[PDB]
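Please model the complete structure; the sequences and the hints are all you need to start from.
Residue-level listing of the chains:
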Amino acid sequence: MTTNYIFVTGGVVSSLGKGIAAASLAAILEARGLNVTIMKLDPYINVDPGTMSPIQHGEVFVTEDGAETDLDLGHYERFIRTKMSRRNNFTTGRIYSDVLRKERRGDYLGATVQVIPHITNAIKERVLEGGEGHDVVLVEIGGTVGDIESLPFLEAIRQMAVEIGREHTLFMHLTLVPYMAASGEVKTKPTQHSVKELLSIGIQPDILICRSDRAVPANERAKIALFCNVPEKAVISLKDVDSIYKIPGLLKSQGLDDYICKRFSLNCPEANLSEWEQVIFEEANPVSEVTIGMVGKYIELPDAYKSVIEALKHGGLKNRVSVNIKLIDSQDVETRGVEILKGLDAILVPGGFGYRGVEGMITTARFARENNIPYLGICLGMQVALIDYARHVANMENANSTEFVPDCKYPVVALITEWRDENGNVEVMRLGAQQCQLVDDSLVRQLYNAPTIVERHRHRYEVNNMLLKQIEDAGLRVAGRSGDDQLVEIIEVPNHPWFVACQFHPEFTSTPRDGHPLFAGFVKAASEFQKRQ
Amino acid sequence: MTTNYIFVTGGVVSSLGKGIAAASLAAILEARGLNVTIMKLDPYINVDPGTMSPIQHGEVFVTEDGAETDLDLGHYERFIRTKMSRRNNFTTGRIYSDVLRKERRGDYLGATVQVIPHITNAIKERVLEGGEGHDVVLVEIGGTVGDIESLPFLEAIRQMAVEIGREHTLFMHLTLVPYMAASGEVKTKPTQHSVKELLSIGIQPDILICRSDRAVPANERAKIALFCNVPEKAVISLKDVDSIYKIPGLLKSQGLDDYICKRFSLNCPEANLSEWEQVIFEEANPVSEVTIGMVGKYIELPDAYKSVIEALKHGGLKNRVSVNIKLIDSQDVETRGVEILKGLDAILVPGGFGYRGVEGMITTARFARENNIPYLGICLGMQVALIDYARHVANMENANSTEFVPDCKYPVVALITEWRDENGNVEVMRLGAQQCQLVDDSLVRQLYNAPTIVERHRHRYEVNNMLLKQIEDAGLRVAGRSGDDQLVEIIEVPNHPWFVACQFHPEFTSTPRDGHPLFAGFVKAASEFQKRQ
Amino acid sequence: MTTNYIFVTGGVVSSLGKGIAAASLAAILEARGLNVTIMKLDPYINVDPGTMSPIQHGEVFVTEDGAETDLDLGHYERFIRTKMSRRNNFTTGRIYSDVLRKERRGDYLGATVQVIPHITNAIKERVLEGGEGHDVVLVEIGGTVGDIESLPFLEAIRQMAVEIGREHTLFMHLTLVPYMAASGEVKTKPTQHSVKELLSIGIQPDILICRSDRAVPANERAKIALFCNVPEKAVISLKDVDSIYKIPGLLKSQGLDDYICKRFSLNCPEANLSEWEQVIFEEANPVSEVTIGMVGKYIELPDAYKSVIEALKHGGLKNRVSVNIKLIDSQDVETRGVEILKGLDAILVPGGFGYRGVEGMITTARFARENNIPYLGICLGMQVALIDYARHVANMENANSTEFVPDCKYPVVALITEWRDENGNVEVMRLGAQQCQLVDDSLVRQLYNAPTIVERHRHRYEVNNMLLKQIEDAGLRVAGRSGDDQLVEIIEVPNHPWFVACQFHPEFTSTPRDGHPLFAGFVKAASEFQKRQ
Ligand SMILES: Nc1ccn([C@@H]2O[C@H](COP(=O)(O)OP(=O)(O)OP(=O)(O)O)[C@@H](O)[C@H]2F)c(=O)n1
Ligand SMILES: Nc1ccn([C@@H]2O[C@H](COP(=O)(O)OP(=O)(O)OP(=O)(O)O)[C@@H](O)[C@H]2F)c(=O)n1
Ligand SMILES: Nc1ccn([C@@H]2O[C@H](COP(=O)(O)OP(=O)(O)OP(=O)(O)O)[C@@H](O)[C@H]2F)c(=O)n1
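Protein chains in written order, with our numbering: chain A, 1 to 533; chain B, 1 to 533; chain C, 1 to 533.
Quick caveat, the hints were computed from the structure, so don't treat them as lab data.
It does not matter which identical chain is used: a pair holds within one copy or between any two.
Subject to a maximum C-alpha distance of 27 Å in a straight line, what follows is the list of computed BS3-like cross-link-like pairs (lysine-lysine):
(1) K189 x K223
(2) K223 x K187
(3) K223 x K102
(4) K187 x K306
Pasting the structure below:
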C-alpha cells in the first residue's frame with residue numbers, strides 16, 4: 001500500500017502549535033489502526049540541537065537511538081506509540097552539511113550544486129527515508145510561510161506532491177484567525193494573505209487549521225473555505241484549550257480524520273479515543289493537591305524542562321493528584337538560602353551542565369534529605385545528591401565533579417578516564433536507550449516491578465567507582481547499574497520516605513496514557529508528605 | 001577616507017554580462033586614479049569551482065595566491081591592475097561551510113543559528129574583508145533577482161547599505177530591455193517587474209544598466225527613470241558590442257563614472273581611456289590574418305578555455321594579426337586522423353585532466369613537431385609534447401603519464417612520489433604564482449627578456465626527472481625549472497621554428513593592454529608560417 | 001453542449017500577439033467543425049474606443065451590430081466566420097459604468113459595492129453572456145500579468161475556472177523566451193518569473209505559448225514543462241513569422257488543438273487548413289508587383305488603417321499580385337503638390353474626420369481622375385471624390401462639406417438636417433451593417449454580382465441630395481443607395497479605367513480566404529495600369 005504524506009505548515013505567526021496539532025491528528029489516525037509517524041523539518045543552521053542552549057531553544061529531546069532532537073519529538077512520542085529516531089528530525093544545517101560532504105567528496109561528478117535541484121533533492125530524500133513504510137507520514141515544516149528560511153523545505157514538499165500526486169499527499173496549513181474587540185469578530189484577512197504567500201510558492205492548501213483564543217464560527221470558516229477553494233469540512237476550528245489531551249477529540253468531532261481517510265482512500269474503523277477520554281477524566285477529577293519544587297539553572301525558560309514538567313503532570317494523573325510545579329532558581333538558594341524551599345511537598349533537581357547554580361542544587365539535595373522531603377534527582381540531580389551525601393555524611397570535604405572543580409581531592413563525579421581516589425591513585429557523552437540492572441530490595445526494583453529497565457542518557461560525567469565504596473559504607477545505596485564498567489545509574493537514601501536519583505532521563509519515556517513508575521512513585525510520596533503535615 | 005560599495009545585481013535573465021559591466025566600470029574609475037577592486041558572490045553550493053567541470057561551469061581561474069575561482073575574476077584582472085585573491089570570490093557553499101564549522105565548534109555560544117542574522121552576518125564579514133582599504137568596491141551578486149538562491153546575498157547587502165548609508169553605497173541593477181518586432185520598440189515591462197522584485201526585498205536601485213541588442217533610446221530611458229524614481233543620467237544604455245574593450249568608453253560617454261564620483265563625493269580627474277582606445281585601434285586595424293587550431297577535450301563549451309581564447313586575441317593585438325581560433329575536438333584526431341589539423345598556421349593544446357582525448361593530443365603534438373607548425377602546449381599540452389618526443393624520438397615505447405596508464409614502463413609524467421625509471425628503480429596539486437628560472441639560449445629566455453618569471457600553476461603530475469636525461473639526450477631542451485626539486489616548467493624542440501610547452505597557465509597573466517610574451521611570440525610565429533606557405 | 005473557455009493571458013511584455021494567437025487557434029478549432037468565438041477584455045478606462053484617437057490606439061473596428069470595438073475584433077473576423085458583436089469586447093470603463101449605473105439607481109439594495117465580489121461578478125456576467133451557446137470561447141485578457149490594471153479580470157476568470165471546473169476551462173499563457181547572443185540560447189527565466197506572478201493570483205497555466213525571434217528548442221520547452229508542471233505537449237514554440245496566415249498550421253503541427261480537444265473531451269475530425277495553405281501559397285507566389293498609394297491624415301500610425309492595409313493584401317492574394325502599400329501624408333500633397341503622387345499604380349483615400357489634410361485628399365482625387373490612375377475612396381475618400389467632381393467638372397466653386405466649411409455655398413456633403421441648395425433653400429453617426437441597393441450597369445453591381453449588398457458604416461456626413469442631380473448631369477454616376485432617404489452609398493466616374501468611392505467601410509468585410517469584390521477589382525485595375533506603363 002502507498003505511503004501518504006500530510007505536509008503541516010504554519011502562517012501569520014510561529015507559535016501556532018504545529019507540533020501538538022500534527023501529534024493530536026496522528027493520535028486519531030493511530031486509534032483507527034493506521035501505521036502513522038511524524039517528522040520535524042527545522043530551518044535553523046545548527047546541524048542538531050546538541051549545541052543549542054536550553055534557555056534559548058528549550059530542552060534537547062533524546063530518542064532511543066541517541067539522536068539529539070527538537071522538543072517536538074517529545075510531543076510526538078507522548079501522542080503516538082511509533083518510536084522516533086534520527087530520521088524524524090533534521091535541520092537546514094544537516095541538509096547543507098550532507099550536500100557539502102558529497103560535493104567536496106565528488107559525488108556530483110563536477111556538476112554545479114544548486115538550491116534547486118540539489119538542496120531540494122537532499123530534503124526529499126530525508127523525508128522519504130523517514131516516511132516510507134508507514135500508512136500516513138505527517139511532515140511538520142518549521143517557521144512561518146513567507147520567510148526565506150523555509151523556502152527550500154516548501155519547494156521540496158511542493159515537488160513531492162507533484163511526483164506522488166493529490167491521491168497520497170495533503171497540505172494542512174495552520175493559520176491565526178485573531179479576535180478584534182473593535183469588530184467583535186475573528187479576522188480571516190491574515191489567513192487570506194498567508195494563503196496568497198503559499199500560492200506564490202506553488203502550494204495550494206487542502207486543509208485550513210484555524211487557531212484563535214475562541215471558536216472560529218461556521219460563517220468565518222465558510223469565508224475561508226471559499227477564498228481557499230476547499231470544502232467547508234476541510235476548514236477546522238482549533239481554539240486555545242486548557243488541556244492538549246482534548247485536541248484529538250476536538251479535531252475528530254469536526255471530522256478531520258474522516259476527510260484525511262477519504263482523500264487517501266483509507267478504509268479503517270472509527271477512531272476510539274477512550275484512552276484520551278480517560279486521561280481528560282483523570283486530569284479533571286483530582287482527589288488531592290501537592291506543590292513540587294523544581295530547582296534548576298534554566299527556569300527562565302520553562303520549556304528547558306518540557307518533558308520533566310509533563311512527566312510530573314503524568315505522575316499526577318496516575319495518583320489523582322493536582323501537581324502545582326514551582327520553578328525555583330538554584331542560584332536563589334545560594335544567595336537567599338533554604339528559606340525559598342519552604343512549603344514544598346517534594347523537590348526535583350533536573351539535568352544540566354556547568355557549575356553555575358550547582359552549589360544551590362547541592363544545598364537543595366541536603367535540605368530534602370535532612371528534612372525527609374521526597375526527592376527525585378535527574379542526571380545533575382543525581383550528581384548533587386551524591387556530592388551532598390559524600391560531603392555531609394561520608395565526611396569527604398569539598399567533594400565535587402571534575403566538570404566543576406577539576407583538581408578537587410574527592411572527585412566523586414568524573415569522566416571514566418579521570419577516575420582517581422583521594423591519594424591520586426588510578427585503576428589498571430552517553431546518548432539514547434541503555435539497559436539498567438535494578439538491585440534487589442531497592443525502591444526502584446519495586447516501582448519498575450522488573451529486574452532490568454531501558455532508559456535514555458544524555459551525560460558524560462559518571463559516579464567515580466574508586467570513591468563509591470566509602471559513600472556506600474556511609475549509608476548511601478546503589479539501586480541501579482549498567483554496562484561492563486558497572487556504572488552507577490540509580491542511588492537511594494534508605495532512612496528517608498522517598499529519595500531516588502538517576503543518571504538517565506526518565507522524563508523522555510513518560511506519557512500521559514502509560515505514565516512512568518518513578519514519577520508516579522514521586523508524586524504519591526509528595527501526596528503522603530502533604531497529608532502528614 | 002571611507003570605502004564605497006557598488007552592489008551589482010541582474011534582473012530578467014542571468015547572461016547580462018554583470019562581470020564585464022562591473023569590470024568595465026572599474027577600469028574607468030582606476031583610470032581616474034581611484035583604488036578600485038571587484039568581488040563575485042556565487043549562489044551555487046560548491047565550496048569553490050575546484051570540483052566543477054569545465055564543460056559545465058567554464059574555466060577554473062587561478063589567482064596569484066592559488067585560489068580556484070569563477071572565470072569572472074579573469075574579466076576583473078583583464079580590466080583592472082588590482083590583483084585578485086581568495087577574498088574576491090566566495091560561494092553560498094563557503095558561507096554555510098564556515099557557519100557550520102563555527103557552530104559545531106561552539107562559537108555561537110548555544111544560540112539558534114539562523115539565515116538572519118548568522119548567514120547574512122557571514123556574507124557581510126566576507127564583503128568587508130575583500131572591500132575595506134579600497135576607494136570603490138564593486139560587489140557582483142550572481143543569479144537573477146527574484147530567485148531564492150541569491151536572497152541571503154541580497155538581504156546581506158541591503159543591511160550593509162543601511163549601516164554604511166547612501167553616501168558610500170550604490171545599487172547598480174542590470175536589466176534586459178528586449179526589442180519586439182511586433183511593437184518595433186524595446187520593452188521596459190521586464191525592468192518594471194524586476195525592480196518590483198528588488199523593492200519587495202528592500203532594495204531601491206540607484207543606477208539602471210539597460211542591456212539590449214541595440215541602443216535603448218532616451219524616451220525608454222526616461223520611462224525607466226520615472227518608474228524607478230532615479231535621475232535620467234542614472235539610466236544607462238549598454239547595447240550588445242563586437243568588442244568588450246569599447247564598454248569603458250560607452251559607459252564614460254553617458255557619464256556613469258561622473259554620477260558615481262558625485263554620489264560618493266570623490267574629487268578625481270576625468271578618466272583617460274587612451275590605453276583602451278589603443279586596444280580598440282589595434283583590434284580594428286590588423287595587417288594580416290592567421291588560423292590557430294586549439295585541440296582539447298572541453299571544446300563543447302568554449303568558456304572552458306576562456307583565458308586561453310582571450311590570450312590568443314591579446315597575441316593578435318601586439319602583432320596586428322587577426323586570429324581565427326578553430327576549436328578542434330582531440331577525440332576527432334583519434335577517429336578521423338591528422339586530416340582535421342590541415343590548414344592551421346599554429347596549434348595550441350590547452351590544459352585538462354583524465355585520459356579521454358589525450359592520445360589525440362599526443363598525435364596533434366607529433367603532427368605540429370614533424371610538419372614544423374608553431375606549437376604552444378599548456379600543462380596537459382606540455383605532457384603530450386614530452387610523451388610525443390619520448391615515444392617517437394627518444395624511442396621510449398608507450399611512454400605515458402601515471403594519471404592515464406599507472407603501470408606504464410616509461411612514466412615520463414608522474415607524481416613526485418611515483419617517480420621511477422624503466423627498471424622500477426626510485427630516488428633516495430600545485431596552485432598559484434611561483435618563480436620559474438629560464439635557461440640561457442632558450443626561446444623563452446629571449447621572449448620574457450628576464451632570467452626569472454612568475455606564472456600560475458593548476459596541476460599535480462610533474463615531468464619525471466628520472467627519465468628526463470634520456471629525452472634530453474634525444475634532443476628535447478629544458479627551458480624553465482622551479483623549486484628545490486628542479487621541476488621542469490618549460491620544454492622546447494630546437495629544430496623547429498616555434499615549439500614551446502609550459503607546465504604553468506600563462507593565459508592567466510595575459511591582458512589586452514600588456515599582452516603576454518609567450519602568446520605574442522606564438523601568434524608572430526603563426527603569421528610567419530602563414531606567409532611562408 | 002457544455003461551453004468550454006480558453007483564458008488567454010500574456011507575460012513578460014505586452015506585444016506577444018495574444019489576439020493573433022487566440023484567433024489562429026480559433027481558426028484551427030473552427031476547421032474541426034466546432035462552434036467557436038473570441039472576446040477581448042481591455043483594461044483601459046475608456047467606455048469604448050469611440051473616443052480613442054486613430055494615431056494613438058489605431059483603427060476603430062465596426063461590428064455588424066454597429067459596436068465601436070478594439071481592432072483585435074478585426075483579427076478575429078479575419079480568422080473565423082463567427083460574427084463579432086458588442087458582446088465580444090468590453091473595457092474596465094464599461095464594467096465600472098455598468099456597476100455605477102446599478103449602484104446609483106439602487107440595484108445593490110444598500111450593500112457596500114466592492115472590487116470583490118461586485119466588479120468581478122460584472123466581468124463574469126459579460127464573459128458568460130458573450131460565451132454561452134458556443135463549443136469553445138477564447139477570452140483574451142489585455143495587459144501583462146503582474147500589472148495592477150488586469151487584476152480584477154484575472155480574479156474574475158480564476159473564479160469562473162473554479163465554478164466551471166478544469167474539464168471545461170484552460171489557461172493559455174503567452175510568454176517571451178528571449179535569445180541572448182552572450183549565451184547563444186533562448187532564456188526561460190522570464191517565463192519562470194511570469195508564471196510565479198500567475199500562481200500568486202491563483203492561476204495555474206495549462207498551456208505555455210513560447211514567443212521568441214526563433215524556434216524554442218525541445219530542451220527549453222522541457223525545462224518550462226517541468227517548472228510549470230504541465231505536459232511537454234502543452235508547451236508550444238511560436239517563433240516570429242513573416243505571415244500570420246502560417247500560425248494556424250504552426251500551432252496544429254505541434255498538436256495544440258489535439259491537446260485542447262482532449263482536455264474538453266471534444267470528438268471532432270482533423271483540422272482541414274486547406275484554405276489557409278492556399279492563402280500562404282498565394283502570398284508566397286505573386287506573379288507581378290504594384291505600388292498603391294494610401295493618401296490619408298493618420299499615416300504616423302499604420303494601425304490607424306489596419307483593416308484597409310489587410311484588405312489591400314487580400315486584394316493581392318486573389319490577383320496573385322504583390323501590393324507595395326506607400327503611406328502618403330495628404331498634408332504633404334498640400335505643401336509639395338501632386339509631385340509626391342508619381343510612380344503609383346493606384347490611389348486609395350481612406351476614412352477620416354476633421355478638415356486637416358482634406359484639401360490634399362481632394363487634390364489627390366483630382367490627380368487620380370484626370371491621369372486615369374485607379375482610385376478607391378472610403379467614406380472621407382468618397383466625400384473628396386464628390387467635392388473634386390463638384391468643383392472641377394460641375395463648376396461648383398469652393399464645393400465642400402459642412403463638417404469643414406459650414407457656411408460654404410455648395411455643401412455637396414452635409415448632415416441630413418443641414419441639407420440646402422446653392423440659394424439656401426431646404427426640403428419640405430450611422431454605425432454597423434446596412435443593406436445597399438446597387439444600380440444596374442454599374443461597375444460595383446458587376447463586381448459584387450448581386451442587386452443588394454451589406455456593408456458597415458461609421459460616418460455622420462451624407463451626400464447632399466439637393467445638389468446631387470447637378471453633379472450627376474456633369475457626368476458622375478450614383479452606383480449604390482440605402483434607406484428611405486435614398487442616401488448615396490457608392491459613386492463611379494465612367495470615363496476612367498477604375499474609379500469607385502463608397503460611404504461604407506468595405507475593409508471590415510474583407511478576409512484573406514474570401515477576399516473582397518471592391519479590393520480584388522481595385523488591385524486588378526492597379527496591375528492592368530502597371531502593365532500599360
Ligand atoms: N485579494 C483581495 C481580496 C479582497 N479584497 C477586498 O477586501 C474587502 C473586504 O475586506 P475586509 O477586511 O473588510 O473583510 P474580510 O475580507 O472578510 O476580512 P476579515 O474581516 O475576515 O478579516 C472587499 O471590499 C474586497 F474587495 C481585496 O481587495 N483584495
Ligand atoms: N504597476 C503597474 C504599472 C503599469 N500598469 C499599466 O501598464 C499600462 C501600460 O503598459 P504597456 O505594456 O502597454 O506599456 P509600458 O508600461 O510602457 O511597457 P513597455 O512597452 O515599455 O514594455 C498602463 O495602462 C498602466 F496602467 C499597471 O497596470 N500596473
Ligand atoms: N525559484 C527558483 C528557481 C531556480 N533558482 C535557481 O536558478 C539557478 C539556475 O538559474 P539560471 O538562470 O542559470 O538557468 P535557468 O533557470 O534554466 O534559466 P534560463 O537559462 O532558461 O533563462 C539554479 O541554481 C536554481 F537554484 C532559484 O534560485 N529560485
